[PDB]
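Peer 1: Residues per chain, in single letters:
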Amino acid sequence: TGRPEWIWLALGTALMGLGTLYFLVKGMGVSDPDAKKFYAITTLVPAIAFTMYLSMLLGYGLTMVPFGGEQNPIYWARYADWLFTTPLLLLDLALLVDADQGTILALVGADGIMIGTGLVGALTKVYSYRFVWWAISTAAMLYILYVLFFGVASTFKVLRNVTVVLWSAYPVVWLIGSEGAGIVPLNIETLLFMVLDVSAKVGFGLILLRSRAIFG
Amino acid sequence: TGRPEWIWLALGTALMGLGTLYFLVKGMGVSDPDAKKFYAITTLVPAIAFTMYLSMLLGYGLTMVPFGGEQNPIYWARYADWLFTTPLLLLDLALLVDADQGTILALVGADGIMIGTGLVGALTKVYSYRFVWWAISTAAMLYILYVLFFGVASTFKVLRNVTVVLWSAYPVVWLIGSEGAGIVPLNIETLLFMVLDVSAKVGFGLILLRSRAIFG
Amino acid sequence: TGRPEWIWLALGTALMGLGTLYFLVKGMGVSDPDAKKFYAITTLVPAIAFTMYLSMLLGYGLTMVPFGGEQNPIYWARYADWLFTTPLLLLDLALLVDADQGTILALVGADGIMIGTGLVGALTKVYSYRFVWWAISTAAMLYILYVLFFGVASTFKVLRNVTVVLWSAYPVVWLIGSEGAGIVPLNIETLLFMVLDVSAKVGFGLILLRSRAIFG
Ligand SMILES: *C\C=C(C)/C=C/C=C(C)/C=C/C1=C(C)CCCC1(C)C
Ligand SMILES: *C\C=C(C)/C=C/C=C(C)/C=C/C1=C(C)CCCC1(C)C
Ligand SMILES: *C\C=C(C)/C=C/C=C(C)/C=C/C1=C(C)CCCC1(C)C
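Protein chains in written order, with the deposited numbering: chain A, 5 to 155, 167 to 231; chain A', 5 to 155, 167 to 231; chain A'', 5 to 155, 167 to 231. A prime marks a further copy of an entry chain.
Extracted from the complex, chain A is given alone in its bound form:
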């Protein structure tokens, strides 16, 4: 359609949907409560993302934000997506290592500030302030990674580093993309987030559910 990035949105929609179907079928039959837990969590994340990519695709999860003298398309549904899926992803790690509740709360808590401040950064009309919110969000992401390292083992370790490399990519792509300094066109900005999202929402899950660590 009229938006260059549409094919990336259409591809992410498709891959999230297929990933959703795949885990739904994969999950059928699980009777082990613990495994049930990782299956629910892991199936729900691309289901949520599927509906969010579709709203972006259909143009509903998109808005225009004025700044830098320009009218700027902002996909707010990306953040609405992360707002619900990043805490579940952290839930999978939590459950893996059996984190106690104060840690889980701090994690989930830091994550909501991460995405909420980043959504504020996204919608802020004062150009310079957007980077203030990028900074606080990035600070929160770093606390989350800090806990992950200093706050099953082998699978945990695997998903941990996947997480590091994947989650730390989101900050840069924000910065260089159209929501930030405006280094890379929106069209390529959407492509990168799609590739991260699918790796984080489907790839991560394939890696976790194919492991016996999820089993009591």
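Any given hint could be a false lead.
Pairs count within a copy or across copies, as identical chains cannot be separated in the list.
List time: in silico SDA-like cross-link candidates among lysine to any residue, alpha-carbon distance up to 20 Å [stated by the list, open to error]:
id, residue 1, residue 2
1, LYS172, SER183
2, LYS129, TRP10
3, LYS129, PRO77
4, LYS30, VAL187
5, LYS30, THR107
6, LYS129, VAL151
7, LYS129, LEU66
8, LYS30, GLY197
9, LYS30, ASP104
10, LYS129, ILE78
11, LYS129, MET68
Just so you know, these hints were derived from the structure itself, not from any lab.
With the hints as your guide, set chains A' and A'' with the ligands onto chain A.
Peer 2: Then chains A' and A'' with the ligands, alone, in the frame of chain A:
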């Protein structure tokens, strides 16, 4: 007032308020933690709905959505209502049959997508796409009913079928009402949702709390 | 800047940030899961508030609401703040006295209606109706205080009365401030909420975390 549907909104407000008072008084004295749980859950649901019908009544939870060439009044507060009460209703069943946590999460998870996609459907300006969101929401509702059947007993069974007949009514009324194909005037569309809501928010609760199944 | 209340917003930002840092450092080393719980909860609350005061300061969490024939600046981010921090504050008391789950739910449930109805009151364009929402919110606050009194001991008692005096201040300041009857200028309205917020978000926490009651 100026809106035909006002008397239905005023009636739902009144019935939810009275239902709220009734359970609040009913609940006083409960010392059994488990029963306490069903009382809180069941009292909270019409309290939330009371405030939401009032915002609709007062006109705050109402907006106009353009599509089909027309400006269309949409009661978004209906969805804000279901967003918080449908998961608690599912909580009551969950607690009844002592569902494990992976099931509860999948249930609560599918329910949030159900109402969120249906709210997107409600606010979408592209006529044809609204039905796409109706379809995904309906798909999620069907997963929720699927779990309910394939995922205390007697009371469970009773509330289960009440749930089936009541929840499956919401899809049709969306379709034929003004938010969809536009078969039934808004005025009658509001009347039907009010009747469902009160049966689902008060009737359901009367049935559950009058049972000893809620007792350890 | 152009807004008189800015210095109060800047002061609250600063005090919440410093309070956040202070507990973060204070919390380092805690290994006792229960204590971990009060530390997470208590550190998260001014972190959330920090980001919300900053959005108010920067002007992002501010909007204009028409009523009384005038265009009226409303800091909606104040409510977005309370929406997440008041339930955690109640969590600290809950955990103190080891409230059972039906109580916690009723508490958290009444609190969300409290702030949500008060946010509706804040954004309502019909002058007289704002006070209807003030009334329902106040009713919910009273239920929350009722439970607190009729629904560790010594610390509980201390935080309980702090809570009473602090939380009951918010209703009056709404009433006399610019969001209500318009008795006190916005500039002083913001000052009072800042003083309450910092006492409720930092002061309360200093009092709780300096106690051994948080320890198993
Ligand atoms: C959809 C799955 C995941 C794993 C998404 C993770 C996204 C983030 C870690 C985003 C972080 C951001 C930061 C650190 C600062 C700028 C705003 C963002 C929200 C993009
Ligand atoms: C207030 C109480 C209940 C039991 C409400 C239940 C509502 C639904 C099951 C709504 C479902 C919808 C579907 C399936 C698709 C169109 C949009 C709706 C949200 C109306
Ligand atoms: C930030 C910390 C706390 C302890 C804030 C508490 C705020 C309230 C108790 C607010 C209550 C309100 C009432 C009772 C009615 C009018 C609207 C308010 C939301 C201000």
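Peer 1: Would you mind marking each hint as holding or not holding in the structure?
Peer 2: Do the hints match the structure? See the list:
1. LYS172 x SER183: Answer is within; shortest intra-copy Cα gap is 16 Å, inter-copy 45 Å.
2. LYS129 x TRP10: Answer is between: at 18 Å across copies they meet the 20 Å cutoff, but 25 Å inside does not.
3. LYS129 x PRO77: Classified as both: same-chain Cα gap 12 Å, cross-chain 18 Å, threshold 20 Å.
4. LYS30 x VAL187: neither (34 Å within a copy, 31 Å between copies)
5. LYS30 x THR107: So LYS30 and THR107 pass the 20 Å test across copies only (15 Å; inside, 30 Å).
6. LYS129 x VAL151: neither (33 Å within a copy, 43 Å between copies)
7. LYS129 x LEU66: both (16 Å within a copy, 13 Å between copies)
8. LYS30 x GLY197: For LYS30 and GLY197, neither the intra-copy (41 Å) nor the inter-copy (40 Å) Cα distance is at most 20 Å.
9. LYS30 x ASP104: For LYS30 and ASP104, only the inter-copy Cα distance (19 Å) is at most 20 Å; the intra-copy one is 29 Å.
10. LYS129 x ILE78: both (12 Å within a copy, 18 Å between copies)
11. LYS129 x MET68: both (10 Å within a copy, 16 Å between copies)
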